[PDB]
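Peer 1: For reference, the chains in residue letters:
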Amino acid sequence: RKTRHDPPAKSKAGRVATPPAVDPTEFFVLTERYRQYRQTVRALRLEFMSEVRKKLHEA
Amino acid sequence: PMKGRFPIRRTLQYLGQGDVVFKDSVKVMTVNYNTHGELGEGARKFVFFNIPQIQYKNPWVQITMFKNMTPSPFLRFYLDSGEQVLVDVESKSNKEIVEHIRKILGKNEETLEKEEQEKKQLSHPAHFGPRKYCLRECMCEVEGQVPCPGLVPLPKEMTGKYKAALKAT
Amino acid sequence: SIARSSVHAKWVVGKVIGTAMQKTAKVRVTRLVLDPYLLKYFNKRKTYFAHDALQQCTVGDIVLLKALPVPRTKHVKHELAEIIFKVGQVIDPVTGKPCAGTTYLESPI
Amino acid sequence: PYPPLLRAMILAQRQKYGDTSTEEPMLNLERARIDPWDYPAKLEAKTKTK
Amino acid sequence: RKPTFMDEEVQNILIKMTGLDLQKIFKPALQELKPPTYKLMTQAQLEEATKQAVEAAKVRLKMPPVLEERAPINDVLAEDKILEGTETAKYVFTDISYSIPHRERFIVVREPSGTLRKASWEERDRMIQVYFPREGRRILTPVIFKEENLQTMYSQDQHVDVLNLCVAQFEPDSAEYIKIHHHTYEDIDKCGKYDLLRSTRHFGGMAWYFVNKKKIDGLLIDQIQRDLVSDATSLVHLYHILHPXXXXXXXXXXXXXXXXXXXXXXXXXXXXXXXXXXXXXXXXXXXXXXXX
Amino acid sequence: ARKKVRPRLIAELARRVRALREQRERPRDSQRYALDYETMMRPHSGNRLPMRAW
Amino acid sequence: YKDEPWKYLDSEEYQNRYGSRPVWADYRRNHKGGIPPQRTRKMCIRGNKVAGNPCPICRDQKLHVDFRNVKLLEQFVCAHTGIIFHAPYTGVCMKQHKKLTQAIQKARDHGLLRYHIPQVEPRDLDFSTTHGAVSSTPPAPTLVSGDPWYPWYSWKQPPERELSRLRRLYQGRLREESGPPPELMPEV
Amino acid sequence: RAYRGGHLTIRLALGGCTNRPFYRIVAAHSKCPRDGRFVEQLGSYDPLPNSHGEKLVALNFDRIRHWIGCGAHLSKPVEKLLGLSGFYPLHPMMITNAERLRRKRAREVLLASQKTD
RNA sequence: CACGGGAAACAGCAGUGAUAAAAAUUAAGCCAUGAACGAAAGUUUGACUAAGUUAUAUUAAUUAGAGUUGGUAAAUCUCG
RNA sequence: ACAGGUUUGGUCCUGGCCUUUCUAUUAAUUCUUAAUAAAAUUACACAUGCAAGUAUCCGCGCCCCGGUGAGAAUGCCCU
Ligand SMILES: [Mg+2]
Ligand SMILES: [Mg+2]
Ligand SMILES: [Mg+2]
Ligand SMILES: [Mg+2]
Ligand SMILES: [Mg+2]
Ligand SMILES: [Mg+2]
Ligand SMILES: [Mg+2]
Ligand SMILES: [Mg+2]
Ligand SMILES: [Mg+2]
Ligand SMILES: [Mg+2]
Ligand SMILES: [Mg+2]
Ligand SMILES: [Mg+2]
Ligand SMILES: [Mg+2]
Ligand SMILES: [Mg+2]
Ligand SMILES: [Mg+2]
Ligand SMILES: [Mg+2]
Ligand SMILES: [Mg+2]
Ligand SMILES: [Mg+2]
Ligand SMILES: [Mg+2]
Ligand SMILES: [Mg+2]
Ligand SMILES: [Zn+2]
Ligand SMILES: [Zn+2]
Numbered sequence: 027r028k029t030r031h032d033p034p035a036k037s038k039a040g041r042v043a044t045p046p047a048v049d050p051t052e053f054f055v056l057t058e059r060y061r062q063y064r065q066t067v068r069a070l071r072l073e074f075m076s077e078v079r080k081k082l083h084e085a
Numbered sequence: 002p003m004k005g006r007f008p009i010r011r012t013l014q015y016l017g018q019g020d021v022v023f024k025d026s027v028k029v030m031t032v033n034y035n036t037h038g039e040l041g042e043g044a045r046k047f048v049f050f051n052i053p054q055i056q057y058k059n060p061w062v063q064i065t066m067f068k069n070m071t072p073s074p075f076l077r078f079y080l081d082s083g084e085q086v087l088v089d090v091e092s093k094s095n096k097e098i099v100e101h102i103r104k105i106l107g108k109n110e111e112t113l114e115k116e117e118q119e120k121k122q123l124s125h126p127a128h129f130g131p132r133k134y135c136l137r138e139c140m141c142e143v144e145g146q147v148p149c150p151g152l153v154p155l156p157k158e159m160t161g162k163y164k165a166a167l168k169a170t
Numbered sequence: 002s003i004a005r006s007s008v009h010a011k012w013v014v015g016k017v018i019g020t021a022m023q024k025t026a027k028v029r030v031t032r033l034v035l036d037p038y039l040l041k042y043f044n045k046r047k048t049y050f051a052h053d054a055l056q057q058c059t060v061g062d063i064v065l066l067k068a069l070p071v072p073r074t075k076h077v078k079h080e081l082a083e084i085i086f087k088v089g090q091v092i093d094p095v096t097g098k099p100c101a102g103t104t105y106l107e108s109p110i
Numbered sequence: 165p166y167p168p169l170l171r172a173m174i175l176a177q178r179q180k181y182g183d184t185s186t187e188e189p190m191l192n193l194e195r196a197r198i199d200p201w202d203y204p205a206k207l208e209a210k211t212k213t214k
Numbered sequence: 065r066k067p068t069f070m071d072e073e074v075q076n077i078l079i080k081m082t083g084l085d086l087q088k089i090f091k092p093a094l095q096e097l098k099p100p101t102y103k104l105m106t107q108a109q110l111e112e113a114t115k116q117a118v119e120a121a122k123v124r125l126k127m128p129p130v131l132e133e134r135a136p137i138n139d140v141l142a143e144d145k146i147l148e149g150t151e152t153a154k155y156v157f158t159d160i161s162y163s164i165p166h167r168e169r170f171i172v173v174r175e176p177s178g179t180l181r182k183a184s185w186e187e188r189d190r191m192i193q194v195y196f197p198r199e200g201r202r203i204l205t206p207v208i209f210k211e212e213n214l215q216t217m218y219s220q221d222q223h224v225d226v227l228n229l230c231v232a233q234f235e236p237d238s239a240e241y242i243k244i245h246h247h248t249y250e251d252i253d254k255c256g257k258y259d260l261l262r263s264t265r266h267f268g269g270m271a272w273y274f275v276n277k278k279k280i281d282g283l284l285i286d287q288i289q290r291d292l293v294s295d296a297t298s299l300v301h302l303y304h305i306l307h308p309x310x311x312x313x314x315x316x317x318x319x320x321x322x323x324x325x326x327x328x329x330x331x332x333x334x335x336x337x338x339x340x341x342x343x344x345x346x347x348x349x350x351x352x353x354x355x356x
Numbered sequence: 002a003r004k005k006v007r008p009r010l011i012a013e014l015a016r017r018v019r020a021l022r023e024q025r026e027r028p029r030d031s032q033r034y035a036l037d038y039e040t041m042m043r044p045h046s047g048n049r050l051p052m053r054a055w
Numbered sequence: 051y052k053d054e055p056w057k058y059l060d061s062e063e064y065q066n067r068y069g070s071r072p073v074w075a076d077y078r079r080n081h082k083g084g085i086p087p088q089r090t091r092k093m094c095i096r097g098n099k100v101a102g103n104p105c106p107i108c109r110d111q112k113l114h115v116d117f118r119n120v121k122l123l124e125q126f127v128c129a130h131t132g133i134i135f136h137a138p139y140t141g142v143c144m145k146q147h148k149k150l151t152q153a154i155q156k157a158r159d160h161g162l163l164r165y166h167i168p169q170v171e172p173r174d175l176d177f178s179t180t181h182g183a184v185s186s187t188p189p190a191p192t193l194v195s196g197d198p199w200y201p202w203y204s205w206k207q208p209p210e211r212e213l214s215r216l217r218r219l220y221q222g223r224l225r226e227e228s229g230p231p232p233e234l235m236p237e238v
Numbered sequence: 010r011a012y013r014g015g016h017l018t019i020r021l022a023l024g025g026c027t028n029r030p031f032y033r034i035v036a037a038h039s040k041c042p043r044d045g046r047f048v049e050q051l052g053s054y055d056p057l058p059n060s061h062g063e064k065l066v067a068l069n070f071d072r073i074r075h076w077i078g079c080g081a082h083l084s085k086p087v088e089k090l091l092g093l094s095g096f097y098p099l100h101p102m103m104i105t106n107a108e109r110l111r112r113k114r115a116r117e118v119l120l121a122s123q124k125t126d
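Protein chains in written order, with the deposited numbering: chain B, 27 to 85; chain D, 2 to 170; chain P, 2 to 110; chain U, 165 to 214; chain A, 65 to 356; chain S, 2 to 55; chain V, 51 to 238; chain Y, 10 to 126.
Calculated from the structure, these hints are not laboratory results.
Be aware that one or more of the hints could be misleading.
[To be verified] A short, non-exhaustive set of chain U residues, derived as facing chain A with CB atoms under 10 Å:
id: 1; residue: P167
id: 2; residue: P168
id: 3; residue: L169
id: 4; residue: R171
id: 5; residue: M173
id: 6; residue: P200
Virtual Cβ for every residue (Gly too), placed ideally from N, Cα, C.
Based on the sequences and whatever the hints tell you, model everything.
Peer 2: Structure representation (structure tokens):
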């Protein structure tokens, strides 16, 4: 890979990222599916933390 | 080995066969014995045979020996708690010192088998890696799976240049 | 309960080599190390510095060294715990009577 | 509703343990609350709860 | 009633029936040979070494537990039919934790139908062999258990090796285990070859397929052919335990019981061919008349 | 034994140097976040703002 | 001779030539020193040519490599250790070494050729079929009513205010394509 | 080696014989190399279907939930596997890619029936 | 050890002089994985994937050429 | 090492040197194809291209992967 102190390309300069298109149905649907997803997952995570506490402090 | 007058004790086998293992409290061990007498006899025998086995099995434990200081032979033990154990060895047979030391600070054969079991479960059959740590490696090997392309060149389709020559054209 | 010394040294038996510094004993420690070629154990020695409060150690003594929780100097990791054998004066731990070599100076009766 | 394989797991272990109560495996979403991404994050320090 | 192999009656009787032959028990193995070690012994120490050889031969004579046939398990933990559209081949997920008993493991399958189903017994077996490799076990099923190979092997009188094949390769409650076990007992029933497995640990399998299938024929005839009275009487005792209420059982029991009485009565009330059992119980009796 | 004795004096020098020069040359936010509106180009950071932010 | 192996090994030509001794009994390999190159020659038989002093196997073309003959494939495997012989032991070329290995393997696999199979105890120690993994669990309240396992496996068409603000944000870049998910897959 | 930062990450390390890939579920550091050093082996994955047509995955769930229990992050395909397994909820982009495929199947059934005409 | 000084850095991927007994493509994509950001679609990645070049090593056939023939050590005749 | 040749008119003894085994480079002679792997003289100088971006600002990242073995008896192991 590159490094901090390396010079940037001549072809990378005049180019800033052009975003991908958005679709409303799919998008909102996704914000929800994901919202709920990391919801149940951040739940199972705290569950696993309770597990770790249990194993260790019962050790 | 020829030289030495009981070379069988410089064997690797004789070092792993002799059994006493020391607790985690025992750190220093002093052996104080006498040169001249028929009353120090088995002790010198204990030095000349068993100290080898002890020491091998107990590397981090310092063992020392003092000759002809005190008129009668003994063992001294210095533990982590500052507990100083004293084992009087006089007319004792070699084996009696062995098994009495085994008695005082041993480790239950149970404890040993449990510990070694803890270390054997550390080696897992299911994993995959270099031949050093595990058995199987890339699963070129395992039965139902795909034979890896070194041994058995795969069908023409599954090749990358086939998929690219088909995608381009 | 935290008081520790990171040194493997936690307890040692060692001879007293020298008195040459103030309140500090120079102690010879002797371990059995295995030579892998011959399969044979020899005495490898290490010179340890110890702190004595009494300045009590004559040269040639047998001394029990206790680890010090916090190092004093670079070279002082230890404390004289107890004197196991005094040089020229030894009391039998077994019978508690004074001795020189194999000779009881004070016998029973 | 605990995810299918993990549900079968909890059911199997509470079954082998000797507990026959068939009650559903209910998970609590109580502490899982997440702010949406427009929520400004405080830049101060790391809070140490003593 | 509750008769089973692991009951102390069936166990002590199969133990006294099996017999210990230290020659067949401890046999030359085709393993890489090492040089023999020697020692000089007293009489006492020779008897001690004998009792020791017998004591290890006991644990070598340990019988593989017999088990009835498991019932194939199909259960669906979940369904999502949006995942059916993936159109990919089966995913198989296996739980490996060293502590968990292999009966307690979770073997999972996700199909192109996008449903979560539990794997079958043969699939569980071959997965637990892939990820917990065990020696004697072939992940892909052996060609040797085909009937051609099996029969060509039986001609070689190798029955103990096929029985041993099945002990390692498959599982005690599986289908093919009981299949080729009972098939083996069949092909030792047709050739009268029972005495092969005499000193073998597979004897219990013989007596416990044959007391249930209710042909005690060749076993009793080969027991009174070798002039062993106590083994035929103990076999009749077994058919008396696993079948308590029947004509032969309670009649030839309540009437009277001994070697001659119970053996001759369970010879005439066991009707497959009683002529050979009565002719052989006539033969060991005339030869018990001649030698004494 | 294992003993490696060796000084490094300029390992600290560069630290004091970089730190003091850092606090003295620390950019005030006036020129820093200052932006050229036509090119959408930051003179200070050389960082061109994203296409959704114009 | 055709494929049938037992024919020549029972034969009088064989019993005359090799006698009762094994094949390779009289064979000797010729090399640069007292120590033979650590694995023998690749293939002795090439194109139409057989090279020099041929192997015990391939000098006589009446001998066939198959998994059928116990007779031919016996002497190339040790009696007492029951292990195959590497090519330097016997003297056979390596092609035939590999062919013999696969042969003897396919011989032991069909039960034609003996080997040692040890006593191995049963897999499990205790068998309990009673576990919740083996026996069918109590299928969930989400299974009996056929419900998707979570609220979000079912596609919900969003409110129009939310979608029109979602257009209001993305206005220049927006690609708006209706998202109803046709329920059954198949196609040509 | 010694890094500036980074997290414990459960991911897929790629070993391979080139055109027959094989994966190892592995507990590691984020900034260390792909197949490189790791804390503990967790599981494995087999990309190519076998004689019975089965892509094979071995997972250790006790240690998976111990490491996820100690604050580990999971990679995208690790959530594909753990989601499909049922130990986790199905990832949203599985159902999203589902939707994409379903709609492209209807659009191309309509393409097949527009071409047949 | 870089505050400073010489001075203007491929010991990243390609490629090029000089030098050495030592000679891969100034090649294609982020499709798989890992990484960086991201709420998220996703964007980038000479890591990597798939190629391309080489008898440098194994596998396999389509492919026959090299060394040797006093002794150790397999194998020789007539001339010069 | 299962050892072999080689001191003397000759025999032992001591004793090096060499051969027979396996691997890697380069070279000379030859070489049909594909597959798998590995690709390396040179801490000598470097033409041209590219290897760090992402993202509603800020921010996060930018020898992390990757290269090399120059240097240092450096260091493995173990607190
Ligand atoms: Mg500077
Ligand atoms: Mg380069
Ligand atoms: Mg650079
Ligand atoms: Mg050049
Ligand atoms: Mg590029
Ligand atoms: Mg390649
Ligand atoms: Mg070559
Ligand atoms: Mg080759
Ligand atoms: Mg040619
Ligand atoms: Mg010759
Ligand atoms: Mg001379
Ligand atoms: Mg001469
Ligand atoms: Mg002379
Ligand atoms: Mg020479
Ligand atoms: Mg070359
Ligand atoms: Mg090269
Ligand atoms: Mg340079
Ligand atoms: Mg490195
Ligand atoms: Mg390196
Ligand atoms: Mg030095
Ligand atoms: Zn492979
Ligand atoms: Zn040949």
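Peer 1: Take the shortest C-beta to C-beta distance between U:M173 and chain A; is it under 10 Å?
Peer 2: With a minimum Cβ separation of about 7 Å from chain A (threshold 10 Å), the hint on U:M173 holds.
Peer 1: Using 10 Å as the Cβ threshold, decide whether U:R171 counts as touching chain A.
Peer 2: Since the shortest Cβ distance to chain A is 7 Å, the answer is holds.
Peer 1: The hint names U:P168 as touching chain A; please verify it with the least Cβ-Cβ distance against 10 Å.
Peer 2: At 3 Å from the nearest chain A Cβ, U:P168 passes the 10 Å test, so the hint holds.
Peer 1: Given U:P167 as an interface hint, is the shortest Cβ-Cβ distance to chain A below 10 Å?
Peer 2: Check passed: Cβ of U:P167 comes within 8 Å of chain A, closer than 10 Å.
Peer 1: Using 10 Å as the Cβ threshold, decide whether U:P200 counts as touching chain A.
Peer 2: violated (26 Å)
Peer 1: Would you check whether U:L169 satisfies its interface hint, that is, whether its CB is within less than 10 Å of any CB in chain A?
Peer 2: At about 6 Å, which falls below the 10 Å cut-off, the nearest Cβ of chain A leaves the hint on U:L169 intact, so it holds.
Violated hint: 6 only; the structure is consistent with all others.
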